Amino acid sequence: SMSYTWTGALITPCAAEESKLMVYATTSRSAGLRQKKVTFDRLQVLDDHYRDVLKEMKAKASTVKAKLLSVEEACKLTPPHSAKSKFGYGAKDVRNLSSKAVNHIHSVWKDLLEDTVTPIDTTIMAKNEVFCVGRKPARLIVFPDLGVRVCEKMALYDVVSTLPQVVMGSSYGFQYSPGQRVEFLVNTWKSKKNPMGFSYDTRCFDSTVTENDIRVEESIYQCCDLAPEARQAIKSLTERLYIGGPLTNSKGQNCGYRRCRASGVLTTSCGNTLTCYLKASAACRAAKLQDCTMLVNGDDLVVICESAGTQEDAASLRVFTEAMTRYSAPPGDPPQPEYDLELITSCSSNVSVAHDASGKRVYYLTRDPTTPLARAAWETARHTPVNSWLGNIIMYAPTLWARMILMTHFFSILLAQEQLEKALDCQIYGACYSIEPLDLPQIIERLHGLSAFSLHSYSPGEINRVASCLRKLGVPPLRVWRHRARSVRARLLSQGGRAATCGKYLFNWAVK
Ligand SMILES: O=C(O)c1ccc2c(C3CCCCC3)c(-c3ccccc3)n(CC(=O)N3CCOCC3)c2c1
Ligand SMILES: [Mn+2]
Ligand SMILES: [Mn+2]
């Protein structure tokens, strides 16, 4: 069946968009191009590898006990900036236990328990995301009303935050900080006698997800020891929301129908991860890959296994890809065998090596700096809710480009505007933090360790990537950033107290 059906009505914006300040932001203007790509018929033929893997997953899920969240708990865990309801209240009302919101949520719940069939309305919007140089169309976000979103948490918050790690164990990517992710990848790589590995990523994953896939996920969730009401709400949410439903634009017009994964529901990430893990594990068996270890984050997969030889590996990956295609998930680009861990990119990131103060080799997570640099450029001119600049400083603190360029420029701009002490909103790990730039050394030490302030002797490949990136984007080269940083450092040190702590830790690398 078709992943989508369209009426002709447009995906409209709900606010003023901006598609320029080179660096561009996606808008609703491109929605049609995206719609075209994500619209197709899914063919899926399952086999005994898929069935065997599924049985093993259910047996693990069957050891999980999950509870219902109360309305009040689900309200308190609602993110503060999520879209207001159509029924007269918003996130702030939900979070402060307003009677208007609570009573509507109780009524949505009762309807979920009493009606297990009627498709539930969703809004479809174009995502506004900043990229660098052709242009990629906007991604589509599909989400139901706030009152339903609270009810999803009631039924499934305890399940989605518990079950995946039990079912997928060490392969569940979302349990790891970056250093832990690196540690898993490196320890896995080093455990093989002749390691080979590859990243896989599905072309339009959400659209490849079938009704059967979504019901298989529900059947996994129902293997949990759940309360009777949970079982009913989960079934109802599955039939009425997860398998599909109608789409409405921001102007209240009917855009069409969805028969695939919604990107804006509580189960998107856990569901996608479970479903990719299931198809990928089955595909590894068809491919007959030896001593396979998987790492899964949504539909970004890394597989590390024992090499069978060059031509053998190349053919085994073609068989892997063939099986994934049969299960409904063809790749955006065909996977390639890699014999160097550093060359495997997944979740837009890769492992690299530097050295600590003692001269010990330290592995850390990095990425191509093009998109982070472009996003930071944008947030120099405009201003956003997410502050991707600051998030990247935190998540990629050990990297050469975050330390030399991102930290330098942003502490320079903060010195210049006297806004050192002003908290900024920052979206990291699904949650919205209010971060004080002077809190950064503690945040980085906690997340990465003290060595993040002392790494040096980076790999030549990574230094050159950063250098080619600066050159391509017209930004000063690294020698300029070292000079500027000595100036930023001297400045912070003059200010004493906590600013002197930022100069000491964040810019220890710039000293002679
Ligand atoms: O000359 C500088 O001192 C400087 C400083 C910073 C930047 C940046 C960003 C780097 C990361 C931190 C935020 C600022 C850019 C830049 C980077 C990516 C995409 C667009 C601009 N650029 C490039 C840039 O703004 N342009 C426009 C003017 O001339 C060449 C390209 C920077 C230049
Ligand atoms: Mn994909
Ligand atoms: Mn992906």
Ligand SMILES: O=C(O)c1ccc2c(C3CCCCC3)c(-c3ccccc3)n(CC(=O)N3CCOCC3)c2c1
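Numbering follows the first chain given and starts at 1. C-alpha atoms forming the largest set that superposes within 1.5 Å between two forms make up the rigid core. What changes on going to the form solved without the ligand:
- The residue that stands out in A91, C292, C204, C426 is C426, the single one whose Cα moves by 2 angstroms or more between the two forms on a rigid core fit.
- Shown in the overlay between the two forms, fitted on the rigid core, is a CA shift at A314 smaller than 2 Å.
- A499 is among the residues whose C-alpha shifts by 2 Å or more between the two forms once the rigid core is aligned.
- The Cα shift for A490 between the two forms, taken after rigid core superposition, is 2 angstroms or larger.
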The other form holds:
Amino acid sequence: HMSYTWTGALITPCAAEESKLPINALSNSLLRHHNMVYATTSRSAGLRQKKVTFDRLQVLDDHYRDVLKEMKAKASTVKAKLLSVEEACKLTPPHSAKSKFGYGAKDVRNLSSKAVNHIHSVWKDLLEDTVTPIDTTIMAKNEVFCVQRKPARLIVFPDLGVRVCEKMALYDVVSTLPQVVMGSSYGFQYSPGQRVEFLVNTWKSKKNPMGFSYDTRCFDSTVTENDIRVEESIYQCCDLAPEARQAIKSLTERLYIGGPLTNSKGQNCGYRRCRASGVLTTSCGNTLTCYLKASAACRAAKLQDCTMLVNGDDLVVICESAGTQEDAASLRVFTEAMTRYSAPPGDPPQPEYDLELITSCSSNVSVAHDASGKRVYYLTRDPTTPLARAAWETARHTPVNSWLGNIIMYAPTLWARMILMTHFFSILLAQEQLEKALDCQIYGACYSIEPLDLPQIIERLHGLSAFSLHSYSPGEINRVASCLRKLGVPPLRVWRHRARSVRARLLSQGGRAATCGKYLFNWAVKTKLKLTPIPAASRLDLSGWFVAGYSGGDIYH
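Starting from the form solved in complex with the ligand above, please write out the structure of the form solved without the ligand.
Keep in mind that what follows is only the chain, not its partners or any molecules around it.
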């Protein structure tokens, strides 16, 4: 029962890979300690292969089956629709990997007869054949980090034609089923502000709250055939068209359960018997499986009044405390149960008694004050990785602008406001690129966003208090200040001076640009303005946002 079998053929790149931080005239204004920042490349793929290759053993008890029967009962209330070829095509990212069958993501989106005819052939093949493993491409991801160096993460994905077919069969399923099954526990239904609220209310709802996060070591490689067949049985509980039931069974047997691994050169790298990281069902399957194993492990450990919060493999549990020594014992029994279920830990879970000290989705709750002096809870994170990626993006154009996604997701934070907003608005001003739409990622999905719409977006997601937060906690301020020293990022006093300039420059341009100046940089002036709601913010269609997670799902809006 190995997660993977290998042939020895290397995981190869598509193009030239850069590992060292590229430097330009703008680099030193953001970060001075260049040797701290690196990108992962296919060079390190071999080390990741060793890490993800292990034997999985599963022992399934009555808690597991009891939780599963309940999840199936809730899933049986879902009615999912089959997406048309047109709907599935328009959800394809413009720069999605081209098919091996002579058409690309632009041909898909434009409904070109060659692309549509190939789509109808893969579809016909899925209905007629439920046995033949579907070929996948294994590629090393190029991701930027700060040191103290990780090996490249791997992406496993099927051909463009299959990805469009996954959309037709399962887009409605993966978008509606997890919230029905898990209710408030499904993390991807919340905006960052709704998440902070969910976490604070849950913590408050316990008499003696105890919280922990559970890190499953290499979650995708811990996922067994059983887990993948169990996810399918959950999907089949829905009220589906018979053609969809057929495509779901077929995609499960032929792709989701496993298949051969092919490099960018066309060589067989080996075989996968675990979760594929680049399929439509990666996020949904991981969230359902993580929730099933943890809900069963909560019952095994006899955890009192457990509230879970699940986003793929990211798991947070808020429960009733039985005192520090019993809680430590409860977590050992929880870990033992998770291990038996084939979800062993990376770092052992640690009980926490301060909500602010709990990290989930690489984030923690923190407190600041709005203009009226009210204590406002918001979500933040260690800024090291957002800052290292901002440094890379300062010198290289990338298919996914992390800085824009970070400004959207972490708009009320000290570091996103003072550094990210200031730095990138300065760059866009100098290049006259404020109106240029940039692609970013929100819950794994791709969005093309105009930076000029940032104030309207921030207002709708976080409220006007995002533009007015002050009096950040000493814990938060010190983490940011330490991070800046570590990376050689100028101190925050430099950023406030620079932001006054970025603000004056945005105001000068008038219109949408002045709106960015007025709202985004109101913190930088001593004589603050009274910020009122933006009329355009109500006109924004923010549906599709915070409904589901689509990490590795090839989704564009």
